[PDB]
Each structure stands twice: as C-alpha cells, then as structure tokens.
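*Asks:* Residue strings, one per chain:
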Amino acid sequence: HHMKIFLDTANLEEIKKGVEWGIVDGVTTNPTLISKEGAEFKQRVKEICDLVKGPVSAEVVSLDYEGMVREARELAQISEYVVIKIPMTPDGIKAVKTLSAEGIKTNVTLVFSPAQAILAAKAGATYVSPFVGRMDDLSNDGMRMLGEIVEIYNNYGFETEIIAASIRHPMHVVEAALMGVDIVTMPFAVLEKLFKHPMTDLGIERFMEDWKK
Amino acid sequence: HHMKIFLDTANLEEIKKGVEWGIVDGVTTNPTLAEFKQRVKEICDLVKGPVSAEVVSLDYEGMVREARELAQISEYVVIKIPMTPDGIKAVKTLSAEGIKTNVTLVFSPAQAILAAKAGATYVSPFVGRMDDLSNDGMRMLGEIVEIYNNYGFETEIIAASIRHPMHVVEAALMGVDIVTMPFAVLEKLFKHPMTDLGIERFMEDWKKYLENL
Amino acid sequence: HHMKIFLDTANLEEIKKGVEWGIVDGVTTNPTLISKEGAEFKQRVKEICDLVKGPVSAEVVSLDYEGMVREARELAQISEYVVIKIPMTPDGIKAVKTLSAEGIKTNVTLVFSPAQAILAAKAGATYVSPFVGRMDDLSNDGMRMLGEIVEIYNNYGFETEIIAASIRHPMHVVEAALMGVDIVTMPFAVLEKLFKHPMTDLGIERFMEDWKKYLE
Amino acid sequence: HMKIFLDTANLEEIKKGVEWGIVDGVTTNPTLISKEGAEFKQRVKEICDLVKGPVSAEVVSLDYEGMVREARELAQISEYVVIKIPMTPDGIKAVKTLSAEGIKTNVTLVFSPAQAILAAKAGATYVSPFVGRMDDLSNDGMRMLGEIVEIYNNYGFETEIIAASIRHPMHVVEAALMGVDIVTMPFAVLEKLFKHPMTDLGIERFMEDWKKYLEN
Amino acid sequence: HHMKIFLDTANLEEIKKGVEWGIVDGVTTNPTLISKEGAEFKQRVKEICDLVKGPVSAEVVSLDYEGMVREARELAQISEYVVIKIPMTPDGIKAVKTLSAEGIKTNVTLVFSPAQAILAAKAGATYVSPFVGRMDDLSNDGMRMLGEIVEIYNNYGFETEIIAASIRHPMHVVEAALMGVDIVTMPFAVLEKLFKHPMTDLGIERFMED
Amino acid sequence: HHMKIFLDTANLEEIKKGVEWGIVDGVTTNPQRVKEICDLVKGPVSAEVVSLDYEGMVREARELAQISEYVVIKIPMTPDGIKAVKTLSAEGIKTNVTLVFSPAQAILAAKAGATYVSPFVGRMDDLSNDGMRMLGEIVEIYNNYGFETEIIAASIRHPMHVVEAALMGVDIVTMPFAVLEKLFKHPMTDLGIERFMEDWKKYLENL
Amino acid sequence: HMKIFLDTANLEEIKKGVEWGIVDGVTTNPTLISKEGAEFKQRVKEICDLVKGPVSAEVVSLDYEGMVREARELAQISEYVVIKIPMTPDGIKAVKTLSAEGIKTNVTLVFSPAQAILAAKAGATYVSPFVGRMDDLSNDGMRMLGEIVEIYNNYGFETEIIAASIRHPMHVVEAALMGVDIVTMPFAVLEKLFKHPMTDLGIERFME
Amino acid sequence: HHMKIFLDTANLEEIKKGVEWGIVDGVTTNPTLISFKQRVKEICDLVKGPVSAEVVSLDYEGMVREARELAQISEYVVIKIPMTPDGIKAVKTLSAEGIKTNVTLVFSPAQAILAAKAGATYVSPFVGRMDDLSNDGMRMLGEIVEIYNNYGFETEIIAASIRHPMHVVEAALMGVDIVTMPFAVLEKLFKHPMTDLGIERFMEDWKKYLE
Amino acid sequence: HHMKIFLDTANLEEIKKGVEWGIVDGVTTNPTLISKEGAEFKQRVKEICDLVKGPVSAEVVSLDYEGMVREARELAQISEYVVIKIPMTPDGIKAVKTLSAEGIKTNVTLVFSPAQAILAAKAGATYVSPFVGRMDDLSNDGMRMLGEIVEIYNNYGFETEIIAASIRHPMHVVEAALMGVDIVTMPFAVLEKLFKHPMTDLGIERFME
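Chains as they are written, first to last, in the entry's author numbering: chain J, -1 to 211; chain F, -1 to 31, 37 to 216; chain G, -1 to 214; chain E, 0 to 215; chain D, -1 to 208; chain A, -1 to 29, 41 to 216; chain C, 0 to 207; chain I, -1 to 33, 39 to 214; chain B, -1 to 207.
Pulled out of the complex, with its shape left as it was, chain J reads as follows:
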C-alpha cells in the first residue's frame, strides 16, 4: 500500500544512490533517456534490473501490433523485472491484451486523458503513466487529469497501478501523494530536492555551532 517512487533515468550511480536511501522501487527508462546516455539498450536495462531489483519500464521500437508484441517478448526475457512501455494507441491496447494474457507486464504511456486511462486498465495494463507536466504546460491542468484518473481507478478497483509521470518539481510529488497515486516516477534532480529544507539546515547548525563551544 506504500507509495512507490521510480526514477526517470538510465544513470546507474543515481539508481545506486536511490537504493542506498531505500527510497527507489523501480526505474522508467526511455528512448529519450537512453538517447541521453548512449549505451546498449538491452544491456542498460539488464544492469538497471540487477541494481534496482524492482520494475524497470523499457520501450519497444515498433508501433504496429505484431512488432510491439514480438519485441515485448524479447525484452521480457531480459529479466523478470522488465515492464514493457506501450504507447496509448489502438494497436498498443491490442498488444496489452495479448501480453497481459501471457504474463508480460505492461506500462501504458503517453496518457493525457481519463478516457485513455480507462481503456488501458480494461485492456489489462500493469501500469498507466499519465503525463502531468506536459498537460500543465498546455495550461489544461495535468494534476487535475491525474486526480480524475485516480478517482476513476478508485471507483472500479482496476488492478492497473497509476504512475504519475512527466513529474517536474516537488509540488507535483506532494499533490500526487495527497491524492494517493500508486507510484510517482521522477528525475533524480527532483528526488534530491525532496530531502531539502532550509529549516532542516538551520536545525542542524543549531546542533553544530554548539560543539565548537
């Protein structure tokens, strides 16, 4: 029932730091994010799985149903932790139906509406990833759409878990936690911020000043 924190990264030092802290439960990874890093796609996913020992989402290349399913099966054989990122499309939903029936975990991504979220859950997705920050930047309120998806999923007890994605800043995390999102996936830089508070630092000096005297 604990809130899960995933990292949006392929950087292994930051994932080690996350697990050191006992705060990071998985990783979401990407074309873009592996574009940032430039190592072996399958290799990098295996390394990450070994490190976090929790859900690692990895995207498929193909966009047609047959190719998505083919590649999903391939990626799934890397590790029991691998979760397949599927884009929210009709073929992607078809793929989730097929892959869920063979025990392959899926993460439906690029979700921007509660309607899409419903479909993802009904198709049997393991996770859904609504993109909060990208909606917020349209000024159409991504936290509100996240709240509608939570509400709907609470109404029906869909087994699908919600990953609040496109998380940009600490308030995203706090508001997600206040509405009771299952998982928040965030950049390491955002995670680092969550530790910090200027009153904490003053409190600590109100210790350290003393022992000089």
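Don't take every hint at face value.
As the list claims (entries may be wrong) - In the EDC-like style, the derived pairs of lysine to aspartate or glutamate whose C-alpha atoms are separated by at most 20 Å in a straight line are:
#1 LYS194(A) / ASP89(E)
#2 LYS14(C) / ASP89(B)
#3 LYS194(G) / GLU203(A)
#4 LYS210(F) / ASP48(J)
#5 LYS210(E) / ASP62(D)
#6 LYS103(G) / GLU78(G)
#7 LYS95(D) / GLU100(E)
#8 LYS103(C) / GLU157(C)
#9 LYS210(J) / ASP62(I)
Just so you know, the hints here were simulated from the structure itself, not pulled from any lab data.
Put chains F, G, E, D, A, C, I and B on the given structure of chain J with help from the hints.
*Replies:* Below, chains F, G, E, D, A, C, I and B alone, put in the same frame as chain J:
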C-alpha cells in the same frame, strides 16, 4: 469490479475490433442496426458477453412470449423491455424464470427504482436525450447511481444514449456500472494530440539514438 | 436494503397490480380507506395480508395504554404480517415497549420531529412513520425533518425502520430514495406517476416506426 | 418585492387576495372561467378591474399571424392584460413582434433553461417555468427553476420569472429562497401560507393572558 | 444599520438599566408582563415609551379585522413610538394593509414559517417576529426557520425588519447576530448573561493583583 | 449584460430565421457573402483572414474591415496573430481570437486587446480534458480583471453546452442553427399545447 | 488598512516601530510602564508624542463614577489617548457616557461575541478580544475572533476590532486573513514577522 | 489506536507525574534537557515506553555506530535521526536490524514521505517552528497525515515543536498518531475556569445537602 | 484592473518581442541577467526603461539602510520607470518608508510569508514579490502562500501591488490569474509557452489548405 463498456451496434467488424482490444464486454442492439435473431446469435458468439435485444410486442403476454423465444438463442441474450407497467410486470415474470432483462427508455430516477424493484438485470437511463432537453441527463444518471448505491439493488446501470467522450468520463467519475456507446465514440477515447506528438518525438529521438553508432 | 414501497390503500385491485408489478412490499391502512371499500375492518386487513404477503400496518381504536395493548394483541392474531399503528404519545410509547417484548410489530405514526423519532426507536418500534407532506404544508420542510431522522438512525443503527409517510408526489419519493430512507409509503396514484415519462412515450412511438421500417 | 399572482378566475378569491394586500396579479385560462360560468373576455376585464395588476390571458391560435392578431385584440381590453404565449418558434416570433408594439407577454409552457433564455432574448415580459409538472416526472422542477433564476441573474434580462405549476407551500418557500421574481399559485395554496398550528396555540394562549390580565 | 436589541419586559428598572447601558433600542410587551408589574396597559405603554424612546410593541385585544384596526388607532395615539402587535392571521394581515396605509407601525407576531413571513412583509408590516425558541422546543429548529426568513428578506429587500423573538439564551442571540437579523428581542435575564464571562472576571482580579 | 447568441453559419435563411425570432445577435463564419450577412444580422460578423504572417494578416484585416462596420476579424491564437491584434486594436479594427484551448492563451488575447476570444469547448471535450472547465477558468479570470474582451463560447455541439455556458455567465455563445432549433423544444411543451387545445374545446362546449 | 499596535511601554521598540513605518499605535498597562522605570501619566504622554497614533491606557477604578472621572483625566494628556475599559456593566455604562463626550474607548477583556456586541452598541471606539488566552483554554480564540469580525461586518458597527492577546505570527496571519481591523502584539512577535530563512539564503545568494 | 502523548523532557519528576496520570506514553529527549546514557536509561525505566534519543554524528557510518550503542541501553530507546540523505541511509540500515528510528527536523511533506519509505518508526514534523515563519505548521502536518493515511505507511507521526494547547487539539482533530509536548503545555490541558467554578459550586451543594 | 505581465530578463530582443505582442508591461532585472547579456548595470536599466516604457525593477548593492536609500536615489534618477528592489529586511522596510515618502517606487523582494507581505504593504511598498517557485520546491506550497497574500491584500485594500515571482511554468501563471494577482513576472521561456497549444496547431493545419 471493472467498468463495463458495451457497444451500440450490430456491426460485427466493430465488435471484433472491440474484443481484439479487450475493451468491449457486451453489445446493445436494435432492429434499425439483416435478419434479427441471426444477427443476435452472431453477436453473442463474437462478444461472448451480454447482448441486449428488444422485443416486438408491448403487451405483457406478448413481451413474455417473445422474451422466452429470444432467450433460447443464447445464454448471453438480455431482453430489452421498455419502461412501462406491462414491461415491469414482464420483468417480474422473466426474472423469476432466470431470463435476463434490460429496462430501457428510462428518463427518471423514479422509473429506475421501479425497474430495480421489479428485478431488472440492467437499467438503461438515456443521458444524451435528456441532455438535449436541457434538463441534464448526467444529473439524472447521478441520481440513479446514488439511489442504487444507497440500497445495493442487484440491478446494474447502463449509461445509455451516450454521444461523446465526456459522457463516458463523467459516467466513470460517478462510478456507473456500464456505459454503452457507439463505436465512433469508443474510437475517440483512444485519441489525444499529445499522445501523437509524444510518438513523433519518441521516434525522432530513437532514430537519432540509432543514427549514433 | 432494497428500498421498500408500501401502498396507502385498502383497495385490493390496486394492491394486486402492485404485487403483479413486483414493486409493492406492504400496505399501510386506515379505517376510512377500508370503510370506503364496503369491507369490514378485520376481513379486509386479513384480505390485504393474504394478497401482499408483507407488512400491513393497521390502527387501533384506543388511546390509553391498556386499551392499545389489548387491541394490538387482537389485531396481531389476524396474520403474521399485521403491524400495529401506534400514535406517537407517552402511552403509545409505553405500548411499544410492551408489544415489542411480546414479538408484536409496531409502527409509530404521527411523527413530526426527530426527537419523537428517537423515542420511537428507543422504545423498540419496528417502524416509524414521519409525516413529510403535512410538514411541508406548514412550510417547515418535511423532507428536511425526514433527512434528520435518517441521519440520526444511521448514526446509531436503530433496528427501527423509517417509513416516509404523508407522501404526495414523485419528488417526495425521489428525495426520500436519495437520502436512503428504508420504506416509502404512498398512494397508488403516486405509484402510477412513477412509471411515466414523456420521453419514454416518444421512444416507444419511435421504436415502433423503426420496427415497421425494418420488417421492410 | 416578491410578487404573488393567483391562478384563478374566481372574483371572490381575487377580492380576498387584494383585501389582504398580498395578490399583485392573476394568471388565467379558459377552463377556470368556464368553471365559473363565464365568457372569456369580460371575465378578463372584470379581473383586471379588480386586481389592478398583471392579468395573464391566453390566445386561441398557435400560428404566428393569428397569435399576434388575437394578442392585439386582447391587449385592447385593459392596460393590465398580459398575453400568454406558448414556448414555440412561432410564439417566440410573436413575442418579438408584440414586445416592439408595447404589448406585454408571458411565455408559458417552459420546461428547460434553454427555453427560458430564448424567451428573454425575444423580449418576453414574463417567463413561466412549470415546476410542479417537472417534479412529477421526478426530474426536479425546482432545480430547473433555480437554473433559470441563476441565468437570469447572470445577464440581468428584463424578463421576470413567474414560478408556475405551484402545488404546495414548499414550492413557494423554495422559490422565495432562490429569489424568483413572482410565484403564481392557486388560492388554496395561498390560504395554507397563513397557517401554522403554533400560531393557533399562541392565539389560544394570548386570549388566556388578556383574560387574566383583565381579572387582576 | 446596527443590530437592535429590544427587551421583552414591562419592568421600568430593567429598561432604565438597558438605556443607561446604551444597549436597548426598544421594548416588546404583553398584558401578562404589564400585569405582573401591577400596572394598567395603556399607562404602562406610555411610561415605557417615555423611557426607551424607541419602538414599543403592544398587542391589541381583538382578533377580528375591524376591532384590530379600531384598537390599533387608539393605541397609536399614545405615542409616536408605539408599534401594534398583530397576530399572524388573514384578518391580521388585512389590518396591516390598512394600518400601513395610515402610517401606523405594525409588528406581525406568532410567525413560525417563512411563508407566513413573506405575507407579513408583502402586506407592509414594519416588523415580523419569528418565534425561535418555541420552534426549537418542537425540535424542528427555530434558528433554521429564522435563517430562512433572513435569506428571503435579503433576496427581496422587504422594508420589513426581522425581530428574532422567543429568545431564551445567549446562543440564540449570537446565532441571530451571525446570520444578521435586524433585531433581537430578549428577556432582561438573557441580556445580563451577555455581559458575562469567567475569563473577564479572572482578568479583572489579575489587573487587581498587580 | 444580455447573453448574446451568434450563429455558426453562412446560410442566410437560417440567419433571417434567427433575426425573425429576435434571438440572434451576430454570426461567426468560415470557408463577398460577408456583406450579405452583415446586412441581415446587423451585428458582429466574424470572418477569417487567409494569411498567417503578421504583415499579411493585418493587410487582409484592413481589407475585410472595409466591407462593413459589423465585420470582426478572426485571428488564430499565435504570436503573429497576437501582434496583429495589438496593431488592429490600435486602428479600431475589431478582432476575434480563435483556436483558444487554454486559459493562458485567453489571457494573452485579452491583454493584446482582442474584442473577442473564442475558446473551443467541444473539441476539448472530445479529448476528454473537459472544455467546459476550461471555459469556466477563462470566465473566472476575465471576471477577476474586467478585461474588455468578450468571451464567445465556441465549438458548441449541443444544448447542455449552451446551458452550462449560460450558468457560468459567458458573454456570448456561438452555435450551429441545429442546436438553436433544439433550444426551443421540449416534450412537455408539446403536451401542454395539446392539452391547451383540449380546454378551448371544452370551454366552447359549455355555454 | 490593517493597523499594527505594539503591546509595550518601551520607547526604543516604539521608535523602531515608527522608523519601519509599520506601528500605528500602542496598547499599554502599568506593568509595562513600571517595567521601564516611569509613571502611568508621564510615559503615556511620551508614547503619544512618539507614535502619534492611538495609545490605549487603563484606568484604576472599576465603579462607573470612578472610571468616568479617571477617563476624563487621562484623556486630557493627549488627543491620542484611548481609555481601556474592562468589559463589565459599569464599563459599558462608562462607554456610553464617554462616547457622548468624544472620549475614545477600548473595551478590553472580551472573550465572547456577545460581549463584543454590547461593546459596539455602547459606542466603543475599539474592542479587544483576547485570542491567545482563549486558545490556552482549548476553546479556540481565533474562532471567537472570527465570529466577532463576522458580526461586525454584518452590522457595520463603527467600533474597530483589535485582536489582542497575540502570542505568535500565525495569530497575526490568521487575523489578517479574516480581515480584523487592528492587531496588537508584543515587539518580539513583530520582529518575527520580518524573518524567513529563504530570505536570508536569498541575500547570501543574490548579494554574492 | 489511542492518541499517544510523549513528553519533551528529561525531568524525572515530570515524567513520574505523567505516568501517575496514565497519560504519558513516552518521552522525547535532547542533551539540553538532560541537564546521556544513564539518564536515557532512567527515563526508559520510568516511562516504560518509547524514549527518543539523538546521536552525535552526522555521517552515515557514525550515526549507525552510535545508534547501535544507544539501542543496547533499553528496548524502549528510539534513535533520533535528522532528516538528511545520510540520515535516511541510516534509517534503511537500522530498520533492517530492528533498531527503532525517529526522523526529526521534518518541515515538509516531501521529507515525510522519504522518512516513511526508508522505514522510519516515527517522523517528527516541527509544527511550531513553521508556524513562526508564518508558513503554517499545522497545515504541513495535516498534509503529512493525509499522505500517510493514503498509503498506510507503518511510520507513525509525532507532532513536534508543540507550543500550546491549540496545537494539541488541532493535531488531535486531524488524527495525528502522537503529540510530543512540554510538561508545561500538558499541565495547561487539564485546566479550564468553568471546571474551577463547577468545583466551587459542587462544594457549595454538598454543604447545602448537609442541611 | 488588467493583469500585468513583467519579464524576468535583461535581454532586449525578448523585451522587444514582448512589447511587439503588446503583452509585456514591465521588467524585473538582476545583475546576473544583465551580465549574461554582457552589459553595464545602469546603461542596461536605462535601455530597458526606454524599451518597455513601464516599471523596471532594479536591485541595489547595499544591505544597510543608509546605503540602500543612497543607492535607490541614484538609481531612481535613471528614469521615471525605475522601481527599486529592496530585500525584505528590517533595514529594507525602513528604506521603503523613507523612499515612499520621497516618491521613489519600491519592490519588496525575497518574500516567503504573508507576515512579510503585510509589513511590506504597511511600510508603503509599491510592489511586493512573493517567491512562489522556491517555496513550491520546499514542498510548502508557494501558490497557497501567494493566495493568502492576495486574500489579505483584498481584505485591506493596500495600495501595494503583488508581483507573483519565482514563476517557473504556465500553471503558475494560470493559478495566479485565477486568484487575481495584480502582476506576474516570468521568464521569456514561460511567456513563449503560454501562446502554445497542440489543438491550435491542428486547427491551423485544418485551415492550411
């Protein structure tokens, strides 16, 4: 349990598409949607879930007579009964014989309570038609959801006369059991311009990651 | 639950329709109603019990404690379904304490406040009957008083069941259902109204032309 | 000030209404007049002379030409005559025409806020949403009325809202609480508004206190 | 427009105390209260008027329209401050319409519903007196009925002023004030209570202690 | 303060129909005839420009404005469009900023001096991102600051859009004729008319 | 619009307050006046001269006649002097009298909205509800203040509300959020209002 | 699931009075109030409930080393860990070894989530210190309580930096697990002037009864 | 009564584009920003003033009262549009009192609490600048803190205007607008985002025949 989506259709490709997606749970039908009993059998074998089919007669005896005949087509067949005194009398009789019913042409919460008390398997409030009167069909649906939550009537609510995506989202936010919709509306539920942009971007990026070698 | 619907009637044809629809659970009665049907009191209470096979509330003549109890015992003998209507008075509450201990069901009637309703439950009444329409006519809001009684009975889980009474029109029934009242008792004329909607009629005209088109 | 009109053609009840200083106008129809043994116009004149406030009267025709024709002839009876026009396309056309000629209109048979907006935009003097008839469909007529009041407040349409199809005291109180301009009701409803059992008891008690004051 | 406080009394010492404090704006009266002072009705009403120099509500004997009007005119002659108490009935409302037209001030009393309060206002009452505490005792909530009347009167700006009547205790006063009733009429005993708080007394001992 | 109804049309019979009823205040158009419409409605008639560059938009706007005092120039919500609104406002040329899907866009439209903004409700609804909520945010912000810009609820698809827009107090709703026709209608009205005729019949039998 | 008074008799803290342009008056007690090293009347005068705004000062007597007598005496010190009157029947009588003479009053020791109504009807210039002292009883002083604000708004009493018995910044903020006319607070609380750790970090950063 | 009250104290007389009343369930300490090992032991023996005690070191290795030393004093000892990256690392380690932890210096709900995820026994948000910044400490506490209800973190919330009675009441009204307070504030909670007057009066009635 | 938009910048091209659009009303600056353009402090402030012809907030070097006032008077001479940024400190507040009395406009900056904002208004600040984004990052909700300030300033009609500052993204702007803040100051990058919507683009292509 899960929110159910039925299709308002008799088109078998649409239904096939629906089941391929793993998102369509049943079908609601009418004559206008080519031989009646056959089309119903074909649809039953395809969806393998509740298929609502309407009777010709409006007198109690005729409704019951015809319901029994339609019920023989398939275990999946649900008999559509119009909200009338005789229709309610026919629901009492049919429920006692294990024949599934869907009370239709419901435009008030009062009608909905009689339907449930008579033993209807489903009730179908007509949202869109009320909306067009400017008397708010979604509010009337919400009243029916509220009443049925109050008493735990076994009857399930099918939000009907669904015209657009916001009907489906609002119905889901109030926790309606089932929403029955045209296939065209279903198709819209998959779609978002931010999804399409995200797909273009993930490709552009991946293809630049691959272009690196 | 299931929300229950009782009929305020002594007419057997109306009750027969009510049970033919599978929608009427019981009947609330009074001497006037029965009297109006050319029926004797006990036969007609009996006739009604046999027909509805569900709670049939019937009033006693006496207002003193001893007489109420005596007559309640006599009426209870008519049928297992008979529920004794007791007016909300000190003596009537006393009578409910006594009758409840003997397994005789009671319906405390003439309730116009939540305070009265608490006493009826605490005495062990099977039912309480707040008079909504009558309070409405005083412009003191009967639905609001009904909502307060439902809220109190939800807080404490009194076994006593609430019969929305003095129901005049369909919104009374809908508002009562929306608050979750246990039972609404209504005239048959009100029940008939509940079936009806203009859009249902137009839908039926339409699905008939759709069918006549299709045969083609 | 909230206005009260009477749904009646009875002159005694209108005289009482004016004696009490609480009736501002009257809404009529041919059946009320017929019930009184009266020819239509005449009974409208009689009522105008008595209430000396807005008296709503219907026309026979439903086509735009005939409505306008007849409206003009009715309007000549008295400065107080307000022409009832059914909410239709032709009726709305007639309102535009008649408002431009200084003839007052009451758009009747309104059952939705969309209808109400059209009536106001056409320039209706009054709009009459039918609360009780909606209530009986269990679609909540008071909520519909509230939506119209809300919209009318948003835009300050000159059109005044007459809460119509009023059946009981709570209708009036609820319409007052939302601030409708006018409530038109049957006399029987008006009579109920005066009444309360605690007022009666207060008067019994007040007579006892004078009686005792005097004795000492 | 300040909230007004009227006293339910005929006792002149209580009223003098009330005016000494600059808190009492008027008086509502009845034969019982007067009787209990050992006083005649019309005389006592005059003495109260002279003392409070504000609205003094006084009841008429008759219940028929003609007798109520006759008597109201006689009582009105006592003083410019006299307000005629009229029970809420059809004939009472008829009388208000008549008396309003003659410049005679009226206070419609025995009001137990918002419907009654509407008619009182429409007939032209100077004041309406909803009976809060007696409704409260029926457990049908007199404060809620008062708030309904306040709401309705705000919606239409009736000139009629609301006197929260049948006031029993300080919370009646405070709740009536929070909803913004025009006037509260209360027993002196209730007014005395309003001054009081144990922390005030403790504060006074402490800025005596030092 | 009256709510305005514009028609989404170029059909002159439906516009005559609308003005006959005294319920249509203007017209919004899309893909010469603009003059005919102006003459008929004698109220704001929004017409789009071809160009998308600032220079071209302004050039064309000036040309269209000369057809009639009633002409309002449709400008798409873009940087160049906003620049064009600045310029045209200064010259007394009325503008209607269209393709608005966020409150952020509407603020800029108002600040640049748009006569009207047109939020697209129905199109947002179909994204299941709630177009009526977006409109309500724009109404709220415009009430906070009293922008002189008036809000045209656009992309209106059905009666409830109109009723909800009214309940929020939008300045103007622009709708298809088909929607406007629906607004007149109710089954209880029809029944009451049938009943009304029955009572005149009765009334006649009885003397 | 919001006024800030200081609960003090210390002239350096009052000077700081006026230097900052944020202190509008002073509320006093002989405890503070003697705590400095001065006499009732003198320091009241010195404070008036310094703050040039309302300076509330308490009387010794509790009987009506003595309260009025002393109030007149104190009022002669400066046009700024406002007389503190305890919320009692005699105190309310005194307010009626002194209002009529143009002498300003501050009804103090108010713990209920009923008391506040009487204070306003008697013609008090100010009322001072004791927030923190109620808070300590766990009966919620800020709620009782909120009720008085709400009632004064309802009726537009000319009497102004001084939130008193203020002990910490959140009292000030909550008072401001409800729109109290005036908050009177100790100097120590005022000093806190300036402060935030993010401000200090901002200063290290920007000025760097 | 009673609300717990802890005492911010090292004074044993106050603690004794607290356990005599049957109201005090534990104690939160610091070296200040201590005028280290033996007193913590004396307090543990007296309260027989959770006794929070802080470590000297701020690096992860030193924190963990000292926590294990303190933990051997008594089963009741809970180790105070400041909300830092190393502190949270320490919590993970110590939780795994069955050593109880109290994450302190919490000023945001973000911090509070990390503490619960790390497996802290308790978290101590500093209400009063935030209140004094005028950023509303009770609101931040409410946010943490709502979050911990959403997810059912086993971590319990200790409302800390409690300065007055309304802090206690508002923390109770939001359903915080535990409130740690100074004795002085505890003393205040007993008191009300209407109680005192009721007792004066009840006496008066006895002496009248004895008529 | 219009909502004002200021730019957080010293870049003149961005300010020109802002004024071209007729949506930028002023500028808030710092020497970080101006150095990144490679420019002298006062000359850049003057250039900006000429360009926006609206309020241009500029920070002083000193933190003691005397120096702040001294420098403020010097900056104020540059242009009628110059507004002096003063950090929320006791001396800063002292300086606001003094400078207000001389008709020199002030912007109290580094505000993180409503208490701070009341003192700023009472001392006579022209503007107050609450730092939303930095509070947000502490997870203490900067929008809520801004809302409290707006509410307080509405309660009392302080003449001081609120500049929502530390604005990082489009929802900051929309939520500040929904609360009715007087002014939002934002980076150009955020202003650019405000124009944009994918449905606007698609609508354009649908007429791009």
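*Asks:* Against each hint, give a clear statement of whether it holds in the structure.
*Replies:* Right, here's what the structure says about each hint:
| no. | hint | result |
| --- | --- | --- |
| 1 | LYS194(A) / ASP89(E) | 12 Å, holds |
| 2 | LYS14(C) / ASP89(B) | 14 Å, holds |
| 3 | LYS194(G) / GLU203(A) | 18 Å, holds |
| 4 | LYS210(F) / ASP48(J) | 27 Å, violated |
| 5 | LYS210(E) / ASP62(D) | 17 Å, holds |
| 6 | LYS103(G) / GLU78(G) | 9 Å, holds |
| 7 | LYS95(D) / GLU100(E) | 36 Å, violated |
| 8 | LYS103(C) / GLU157(C) | 12 Å, holds |
| 9 | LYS210(J) / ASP62(I) | 17 Å, holds |
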